[PDB]
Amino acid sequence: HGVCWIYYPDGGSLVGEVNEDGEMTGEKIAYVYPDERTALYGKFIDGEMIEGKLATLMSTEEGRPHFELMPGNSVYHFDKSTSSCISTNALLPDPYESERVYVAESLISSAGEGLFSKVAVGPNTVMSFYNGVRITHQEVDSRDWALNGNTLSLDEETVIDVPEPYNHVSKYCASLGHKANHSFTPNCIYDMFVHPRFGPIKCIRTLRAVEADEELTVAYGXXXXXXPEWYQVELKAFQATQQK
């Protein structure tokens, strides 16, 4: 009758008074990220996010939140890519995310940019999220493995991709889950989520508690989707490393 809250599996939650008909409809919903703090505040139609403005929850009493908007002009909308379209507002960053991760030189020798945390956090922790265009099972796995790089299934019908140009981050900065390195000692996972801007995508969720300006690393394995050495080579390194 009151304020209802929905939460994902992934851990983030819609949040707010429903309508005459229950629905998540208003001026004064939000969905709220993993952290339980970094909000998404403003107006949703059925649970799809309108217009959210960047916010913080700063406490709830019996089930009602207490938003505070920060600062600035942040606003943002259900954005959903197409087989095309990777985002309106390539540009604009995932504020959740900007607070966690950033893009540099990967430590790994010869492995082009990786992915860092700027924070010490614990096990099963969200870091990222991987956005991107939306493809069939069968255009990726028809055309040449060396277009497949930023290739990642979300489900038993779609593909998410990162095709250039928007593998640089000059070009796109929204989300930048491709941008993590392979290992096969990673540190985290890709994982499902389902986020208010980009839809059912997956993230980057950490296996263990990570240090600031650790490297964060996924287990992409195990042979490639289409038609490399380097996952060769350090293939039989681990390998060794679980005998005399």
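What we label the rigid core is the largest C-alpha set whose atoms superpose within 1.5 Å from one form to the other. Residue numbers count along the first chain shown, from 1. First, how it differs from the form deposited in another entry.
The rigid-core alignment places the CA of residue 10 less than 2 Å apart between these two forms.
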Contents of the next structure:
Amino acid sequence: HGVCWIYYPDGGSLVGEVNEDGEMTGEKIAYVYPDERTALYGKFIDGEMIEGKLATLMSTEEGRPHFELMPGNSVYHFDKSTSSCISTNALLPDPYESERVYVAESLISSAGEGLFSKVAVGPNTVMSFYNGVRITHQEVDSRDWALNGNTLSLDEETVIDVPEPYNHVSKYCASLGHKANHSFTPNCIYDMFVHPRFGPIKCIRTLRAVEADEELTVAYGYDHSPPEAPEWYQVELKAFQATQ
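Any chance you could show the form deposited in another entry after that form deposited in one PDB entry?
No partner chains or extra molecules come along with it, only the chain itself.
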């Protein structure tokens, strides 16, 4: 008759009354984001989100979460990408990400758009998700760098990509992590994340406090001595090494 909370290493969690087999199955299960406040509440089967409605975790009483549903009929479902499909709702934003980041012109010269904080946050804060289609390292490594601007290694078997035209916010805004530019003195890192809609992906997490309207940057981590990297990154590495 109790409630259970199961946390992922990234700080998100599933919460609810488990069934006889210890599974997160029911009509009142929730995924709670790492702010411990934004939640997707509703029907889950063995921890997979079937219909999660946007909610706010208002309090816990005896361990039991007390949610308030947000207005608007915002509903989400598990929707892991494939090699060819990035999302079934490319234009439906992630509600936690939408409160934390926006896209605008980068402050880095000739670097296109960048990702910026909406609000002040502390260290270790998950800001944005890096979802994309899932393809192999062989495909990515055997094609030209001009097609590999948005490729992010997930693990030894899978690379996440945001190919054209999903690199434009008008065609894809379900996640925004591909909009963060590179720096050798970054304020964020790529980190593993298990997302209830996107499945196992990576996120952008701050390494230190960031101010409102500060540009979020991450180290892209190309191999400097296999560098195997785009020319703009090669140029910047030589500059970084000279400051050191």
